[PDB]
Every structure is written in C-alpha cells, then in structure tokens.
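> Below are the chains, spelled out letter by letter.
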Amino acid sequence: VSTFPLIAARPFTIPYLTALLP
Amino acid sequence: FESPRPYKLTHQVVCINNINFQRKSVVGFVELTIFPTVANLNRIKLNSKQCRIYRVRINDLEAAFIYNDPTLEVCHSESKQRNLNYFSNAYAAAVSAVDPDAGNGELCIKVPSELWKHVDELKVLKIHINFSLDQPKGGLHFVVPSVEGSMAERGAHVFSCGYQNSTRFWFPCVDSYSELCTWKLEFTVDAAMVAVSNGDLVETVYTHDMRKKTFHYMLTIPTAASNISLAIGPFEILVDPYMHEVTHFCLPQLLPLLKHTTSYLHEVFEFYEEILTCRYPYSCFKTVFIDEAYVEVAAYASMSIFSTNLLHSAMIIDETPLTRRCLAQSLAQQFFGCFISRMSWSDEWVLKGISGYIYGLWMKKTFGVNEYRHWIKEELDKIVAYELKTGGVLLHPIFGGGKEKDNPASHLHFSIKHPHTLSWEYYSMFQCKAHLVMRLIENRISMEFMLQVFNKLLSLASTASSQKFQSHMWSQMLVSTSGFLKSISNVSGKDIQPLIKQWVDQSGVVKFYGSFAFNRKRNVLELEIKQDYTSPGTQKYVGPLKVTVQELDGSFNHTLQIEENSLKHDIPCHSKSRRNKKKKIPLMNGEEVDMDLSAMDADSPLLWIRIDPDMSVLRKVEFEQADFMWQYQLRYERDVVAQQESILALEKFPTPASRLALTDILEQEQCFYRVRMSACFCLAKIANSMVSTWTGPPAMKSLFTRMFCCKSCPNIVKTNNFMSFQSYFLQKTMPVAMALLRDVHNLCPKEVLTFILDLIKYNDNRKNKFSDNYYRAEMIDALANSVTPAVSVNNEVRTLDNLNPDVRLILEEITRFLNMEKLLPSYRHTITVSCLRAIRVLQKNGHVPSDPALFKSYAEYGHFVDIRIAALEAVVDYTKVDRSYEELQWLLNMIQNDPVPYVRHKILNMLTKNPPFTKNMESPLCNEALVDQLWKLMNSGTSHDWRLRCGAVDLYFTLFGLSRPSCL
Numbered sequence: 208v209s210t211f212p213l214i215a216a217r218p219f220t221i222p223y224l225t226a227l228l229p
Numbered sequence: 020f021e022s023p024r025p026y027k028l029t030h031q032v033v034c035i036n037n038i039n040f041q042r043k044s045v046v047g048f049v050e051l052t053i054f055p056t057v058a059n060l061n062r063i064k065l066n067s068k069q070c071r072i073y074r075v076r077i078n079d080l081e082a083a084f085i086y087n088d089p090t091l092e093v094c095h096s097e098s099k100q101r102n103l104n105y106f107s108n109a110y111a112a113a114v115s116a117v118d119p120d121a122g123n124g125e126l127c128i129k130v131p132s133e134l135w136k137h138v139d140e141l142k143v144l145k146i147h148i149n150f151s152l153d154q155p156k157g158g159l160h161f162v163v164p165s166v167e168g169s170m171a172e173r174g175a176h177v178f179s180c181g182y183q184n185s186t187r188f189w190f191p192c193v194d195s196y197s198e199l200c201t202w203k204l205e206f207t208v209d210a211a212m213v214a215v216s217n218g219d220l221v222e223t224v225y226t227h228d229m230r231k232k233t234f235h236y237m238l239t240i241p242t243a244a245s246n247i248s249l250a251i252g253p254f255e256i257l258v259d260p261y262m263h264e265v266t267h268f269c270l271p272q273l274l275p276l277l278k279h280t281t282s283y284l285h286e287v288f289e290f291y292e293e294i295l296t297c298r299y300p301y302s303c304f305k306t307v308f309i310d311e312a313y314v315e316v317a318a319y320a321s322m323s324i325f326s327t328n329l330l331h332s333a334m335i336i337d338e339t340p341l342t343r344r345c346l347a348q349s350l351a352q353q354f355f356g357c358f359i360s361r362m363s364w365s366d367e368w369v370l371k372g373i374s375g376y377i378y379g380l381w382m383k384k385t386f387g388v389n390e391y392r393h394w395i396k397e398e399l400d401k402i403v404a405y406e407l408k409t410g411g412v413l414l415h416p417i418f419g420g421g422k423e424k425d426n427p428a429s430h431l432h433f434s435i436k437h438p439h440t441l442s443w444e445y446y447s448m449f450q451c452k453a454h455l456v457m458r459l460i461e462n463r464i465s466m467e468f469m470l471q472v473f474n475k476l477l478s479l480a481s482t483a484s485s486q487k488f489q490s491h492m493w494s495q496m497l498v499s500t501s502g503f504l505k506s507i508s509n510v511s512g513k514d515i516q517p518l519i520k521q522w523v524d525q526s527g528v529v530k531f532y533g534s535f536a537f538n539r540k541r542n543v544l545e546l547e548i549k550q551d552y553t554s555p556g557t558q559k560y561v562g563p564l565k566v567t568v569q570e571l572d573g574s575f576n577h578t579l580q581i582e583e584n585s586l587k588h589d590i591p592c593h594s595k596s597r598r599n600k601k602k603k604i605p606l607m608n609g610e611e612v613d614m615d616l617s618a619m620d621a622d623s624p625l626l627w628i629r630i631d632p633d634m635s636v637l638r639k640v641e642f643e644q645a646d647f648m649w650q651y652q653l654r655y656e657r658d659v660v661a662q663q664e665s666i667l668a669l670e671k672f673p674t675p676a677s678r679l680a681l682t683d684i685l686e687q688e689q690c691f692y693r694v695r696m697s698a699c700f701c702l703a704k705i706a707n708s709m710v711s712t713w714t715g716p717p718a719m720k721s722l723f724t725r726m727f728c729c730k731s732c733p734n735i736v737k738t739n740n741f742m743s744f745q746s747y748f749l750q751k752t753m754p755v756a757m758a759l760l761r762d763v764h765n766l767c768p769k770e771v772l773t774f775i776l777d778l779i780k781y782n783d784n785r786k787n788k789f790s791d792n793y794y795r796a797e798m799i800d801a802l803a804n805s806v807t808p809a810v811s812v813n814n815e816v817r818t819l820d821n822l823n824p825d826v827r828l829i830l831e832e833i834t835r836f837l838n839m840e841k842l843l844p845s846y847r848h849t850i851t852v853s854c855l856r857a858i859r860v861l862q863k864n865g866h867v868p869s870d871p872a873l874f875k876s877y878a879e880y881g882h883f884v885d886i887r888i889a890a891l892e893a894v895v896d897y898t899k900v901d902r903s904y905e906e907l908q909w910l911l912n913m914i915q916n917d918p919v920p921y922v923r924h925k926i927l928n929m930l931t932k933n934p935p936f937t938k939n940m941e942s943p944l945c946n947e948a949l950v951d952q953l954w955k956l957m958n959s960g961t962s963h964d965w966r967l968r969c970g971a972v973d974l975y976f977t978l979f980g981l982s983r984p985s986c987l
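Chain order of the listed sequences is K and B. Positions 208 to 229 (PDB author numbering) are the ones given, in order, by the first sequence. Positions 20 to 987 (PDB author numbering) are the ones given, in order, by the second sequence.
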C-alpha cells in the first residue's frame, strides 16, 4: 500500500467504445 | 475442366426469422433450385453442422433424413492409438468423407420412388427445409454487452465470423465452394438493427407493418455459398463523397472515426481499375466493423467484415499503414473471393497469389516503393524462417488419389485436398509464397502481360456472369490453375513450367554458398567467383539464374548460373581502374558523388556482390566480402535490401569505431526509416562489443544532440518534434537501442537509465496534434529492455530491499503509466500492453516475484483483446519457465471455455511458438493425465472451429509429435 499500490482491473462491459475514443 | 460433382444448382433463398437474444437462437427455412445430373440420385447430400433440422420437404413431400457428425471424435472414444500419425490420417480421411466431393453422407435425404420416377421424368426440383440454429457454438456470433436489460437492445450486434467453409456451420449447403448460384435472402430484423449481406437492397419498406422490419437482399450476380454473411445491429454511414455508392456500417458512438478512416478508399478503387480495366464489378461495396474477428482480414462478396481495431481516427499515426494496408487485402481478395474461384482446395494458390500480389502493386504506387521492397524482405523472412522450422509449403495440383499419400510435406499433417488440416503458420506462409511466386511470374513475364492475362480472366468471367444461366455452359468462373497456366502461355509461352516445378511444385528454400574469390587481384585469371551450394534437411538445387555485381564506378555485371553446382565463374570485367586518385568519380551510378581510397584499394576494382537484387529466388545468401565493402555499401547503395543485409552482416562480427562512424553517418540524412531502426540495433550489438574497447563515447546521446534542436536544445531535447515522420519513427526507436548499450561491469547503462527517465519527464501538451502515445510505449519498452538479471545474488526477491535501486524507479514509471491509462486511457491500452510485457520481463529477472496473478487478472473477460492477448503471451512464458501446472490447466480450460475466437487462436499459436513441456525434456510430467485431456480437446470440445483443433494438432506436433508419449 506504500510503495506500489497498482489499481486492479475494472473489467467492464464495453471495451471498444472506451479504448477507441479520442 | 468440369466438376466431378453432380446435381447442378441455380438459386437459393434464405429466410432468417425469430432471431433470439435471450435463448439466443435463430430459425429459418431454405429453398433450393436443383437440376440433378443422373437418375437414381436418391441419397441427396447437403452438409452443415450444429443444425437441428425441423423438417425437410420436396414439393409437399417430406422425404427421408440422414444426419451424421463424423466431424466429431473417433468411432471408439478410447482408441488407444493416441499419437499423431493415426489421428492425422484418420481425421483427414474422416473430414474428406464429410466432404461431398465423392459419394458421401452428412445430409442424405433419400428421394422416394414417386419422386424418383419424377427424376426419370424431370430433373428439376425445389427443396424446402425448416431448421433452427441453436445457440451457435462455432458458426456465428451474438456479441452481447453484459447488461441484458436495455443495452441488449442498443449495444449488441450479431454476425457470422468463420473460415472459408464455415457456411456449413451457418446454414446447410454443398461443399460450400465451387457451386455457382444466385440468392434471394429474407431477413427478420429489428427496425433499428440493420442487417447486411451480399447482393442488393431489392425489397424493403417499413416491412410487414407489424413491429419489425424484413430485408430482401438479392444477389443476382452468380456466386458460391462461402461469401454470404449477415451483420445485424450497426449504424449506416454512406461514406460516399467521391464514388457515390460505398457503404459502411459501424456501432454507435464510433461513427465520426469512419469519417477519417474510410477515405483513401476512392484512391484504391481508382488504382484497382487502373489495373484491371473494368469497373468495380458489382453494384456496391459494403463494410462492417465489429468488436471481434475470427480473422482480422475477412473479406466476402461485395462486403468486408472485420474488426473495430482499425479505425485510426485522425490522430493515431502508427496505423497510417495498417488500416488501409488491411483495407487493401479486403478489396483484392474480395475480387478473387468474388469471381475467380478455386476448382479445389488443391487449386487455390493462384487466387491468393494474384490477390496479394495486386495489393503489393498497390503498395508500390501508394507509399514507399522502398517500403514495398522492405515488405518483400519481411516476406522472405517469414518464409525462410518457417520452412527452416518446418517442411515445405507446397502448391499441389497432385492428389494422393486412390488412398495414396505422396506427402513428404506431411512433416506434420495432411494438405492435399483440404483446408482444415493446416496451421495458421502454414496458411500464412501459403499466402506469402503466393506473393513471391507471382513476383517470379513478373520475373519471367511483363507486367503489361500480367494486365493482359488478368483482363482476359475477368472479361471471360464477367461475360460468363450476369446472364440467364447458360445451361451446361456456365462454370467459366472456376478459373483454376491449369487453364490459367494455359492462358498465361497463350499470352506468352515461355518455359514457366520449369518455374512451376521449381517453385509451385518443389516447396524448398534455397540457400547459397556463392563463394567470393578475387581474380584480377593483379591476377592472370580475371574477376572470378565460385558458385556453391549444399545444405539438406530442407534444401533445393536451382541452377541457371544470374548474378548482379557493382564495380567501382561501373557496370552492373550480371553473370549466368548453371546446375551441377561445383562451379567457378567469371565477371564481365571492369576496366583497369588505376590512377584512381585521378579517376575520382568515373560515373558510379548516375551523378552519385563518393570518394574513398579507404578500402583495400591497391587491387580492389570490385565493390559489391549480389545475386538477383530484385529478390527473384527464395534465398538465404551466405558469403564473405571485405568489411570495407559492406561498410561502404552502407555509405550508400540503391537497395534497402543491400542496406539491411549489410546491417545484419556487420551486426555479426566487427568493432572498429569507423563502423560506428559510418553507422551514424547512415543515420543522419534522407535515406530510409527502418534502415535506421536496424542501424540503431547495429549500434546496440557493436557497443555491447565495446566492453574492453570502449573507444567511442557513451553512444547515441550525441545523436539526440546533433539531430534534434527544438529551440537549439540546450542539452535536452523536449518538445513538439512531430509532423516529420522520419523523426517520428526515429525518436520512437532510438532510446530502445540506447537501453541496450551495455558494457560488462554490471552492464551499467546508468547514464542511459537516468536519461530515459528524463525523456519520460519531458512530454508534450496538445501542441503536438498527434496523440503522444506510441512514443510513451517504446520508451516503456526501452525500460523493459533495461534487463537487469543479476541483482538478487542470494534471495533478494521478496520485498527485501524494496528491491534496488533503479529497478524501483522503473517500477515507479510503469506504475504511473498503468494508472494513467487506467484513467486517461489512450488508444487500446497500448501503453498498458507494453507495461505488461515490461512487468513480465521484470519477473524474468526475479525482481518482482514470479507470480501470475496480475497477468491472470488481465487475462480476464471484460477487457480489450490486446490487453488480454499480451497477458496470455506473458502467462504462456510463465508456464514455460516456471512450472505452474495449475495455471496451465486453467489455460486449457479457458481454451475450451470463452466466447472470443481470436484469443483461442492466439493462445494456441504462441503457446506452440513458446511451449512448456517440451518434447523429450519432460520434467513436468505431461504423461500423467495431460496427454489425456489434450487428446480429449483434440477430439472433444473443438468442433466449434477447424483451426482450434488445428492448433491442437500443432500442440501434439510440438509436444510428443511422431510417437507414443512414453506413457505405455
């Protein structure tokens, strides 16, 4: 929790509308 | 000439009704228009899978019904012969029997004696079949956002992905290729959800006036069954403005991206009819984008249906090739998935030949004739690498007919009559050899004659199309290998049947020991070099060709070759190039300007060896020159081919600092992009050879100095360094090779480390209009190429130092970018992908411990493909080196169980490229039960698609190929 607390994965419903959105 | 297939066919009608999103099924009736060939044609066979028929009928007569699935397992489930060879042969014979290209049975409705006497009277019938696709478990796709309440209405789509003959898996037909028919197609659609298939919008108003709509697509143009596919749900954009009928379909909130994406298409159609001298031989062209692909390319009749990864919406520069690159394939194969058509699987190669070659011709006259040649070199890279991994990629006309084999290329599996035996490695290299054999047909025959041939092809085809069905006189659109060859020789009869029997019919790559000798080294013998070759395992002996040599400032000397290859040969000699302080430039190549006496120039009137710089013969050339000649070729040559091959040859051995000098000199001009990328990797290798010979500086910092002035750049280059795409790729590449620069004390790239961290600091605002994305990605990969294997001397894996020291800084940066792309996300989580590769390489040096649960949490369902695909590559190497049995079991269970095809494709592909459990090295004990489950997954659970069990065939190729697995 101190040095590197990476956010875990969300995984959500619709990936393409998110990852292909300027 | 003709088909050995009876019962000629004219027309067919589909009618999809009651398409479900909840129990997720489809019902429909088909009708077929048949002219039978001979009487007693009783057990009429069609073919499909995963199709519960509801009823069959011929003219209000439900006749008989036969329904087998030998595409499933062995007739005994415990046939203990659990090796390759029996399974390969048995499966080959099995699915050959599944094919109706013989008297066979999958759907043999028997004709009753009433209707048999009608056959004796009239061989004209109609066939009406009610049937229902279930949840499609290997034929179709119901892409569903996991909401199911309301967004199942707006947010889902439905289509058919599949391979060549997957029309079987969608609705019952023939051996689906090579049956010329025409179709009327009835589509029960939502009023919003638009369905797109072949043919034309022939009958649609607000249809049936009740709650929904219903579409009539009629394809009048006579085609075959493996072109038909229906994508249901997207949104219309005509992206017409230049050619008025170009039709595009994409999911909502994706639309203006097409407004950038789709254009340049008009230029492509302009190019293709500059080739073919026709029009786009159709009504319209239809294009569907989709979040999935069984295959990224996929191209059907008047319609290409492929992924929503290729939008490249106006700011995303690195898909400047790729998008229209793949669009090129989705037009060219279109035409030859249109009209020219294989008479058998063993007849195809001309198809993919001419299609891929045509879009190679596109790649000439669209961008980068030097990148065109670069692309050809990568083709040879793929082909040489694969047929030295494996056996040949052969283009049969020849059968093993009569239960015969005749297969030296059965190094794994069957090929002769069948698509569905092959690997994607094999099928890819099939297409690659297709490109290069059409280049050989350039090499014997005029491009103008190629235009002549193809125009004659399409003239005869388009003539033979679009008529009243000339009875018995119609199959001219099967334009396969033999008559095509005949038409070639009719245009110009040359000795191209030797070209066939060399390259079409001897699948062998040819290395070359053309051994450099040096006559006129003030020698009595004059300018001589010996020809040599022998290297079996996979060899081939090609004789009579020629040889291309550059003199000092003089003739491109070209010299014949022979078979019986213990040969010595001469050169059409240069002049006495003497007093060359005075002979400064006697015309090297045009008005090129160069002077060096730096080489061994007492008696060296030679400059460069070459065999066939236009890359005729499939080659892997091995020889030796003076290193001066290689470096001076890198001072200039008019071939990217020559430049990167001297890049490789000087990546092997040398380290003078003059090498470094000429490398950097090569990097700073207008020469070529990717030349400079491999030149960076040259500097990487050679400065890694500078441990005791650190003569030059800490390299390449001076290259960022002397090449990059923002505002004269007072010691650090920062800002806005784009719109000049030489510099774009070059800045994208160089710090990776800088992160390679290591000299053996602790390999110590500390200056480079801190420098790259500073590069990551100084990134730009929206002054760069270009989405500063991949630059981040490869700076991250440079950090991934800061491979430090040797910190943990004894046990330092386990939070001990909070492991130290620069590794932690790299961890800080990658942690930042992972959470930024969790927040920003910029374009496909491409940064996240490079990060995941970096984190695995950190596990491969034992700094963050070898634990998969991160990557496991990125192999999950609801992420992007590319994330998921890189996580699977990672966890595959995890199960390679680490011996995790359990996650392997998980992996195979997910190979069984997930909806996405392309992950199964790539799991099995790079699982086989990067295997654990490697054959005859069996420490992790596959013999226990893993062979059992693997044999099961070859048999069971894999009738979804062909290529999944083709990959399982590849698994048993690699893991314990040609034998018992040492179980019993």
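Just so you know, these hints were derived from the structure itself, not from any lab. Incorrect hints may appear among the rest.
Which chain K residues face chain B? A few, computed with CB under 8 Å, are given here [unchecked claim]: (1) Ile-214; (2) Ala-215; (3) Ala-216; (4) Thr-225; (5) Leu-227.
Yeah, the Cβ is synthetic: ideal placement off N, Cα and C, and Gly gets one too.
> Confirm or reject each hint.
Hint check results:
1. A hinted interface residue such as K:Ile-214 counts as satisfied when its beta carbon comes closer than 8 Å to some beta carbon of chain B; here the least separation is about 5 Å, so the hint holds.
2. Evaluation of the K:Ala-215 hint against chain B yields a held restraint, the C-beta minimum of about 6 Å falling below 8 Å.
3. Hint status for K:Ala-216 relative to chain B: holds, with the closest Cβ pair at about 5 Å, below 8 Å.
4. A hinted interface residue such as K:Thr-225 counts as satisfied when its beta carbon comes closer than 8 Å to some beta carbon of chain B; here the least separation is about 6 Å, so the hint holds.
5. Hint status for K:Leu-227 relative to chain B: holds, with the closest Cβ pair at about 6 Å, below 8 Å.
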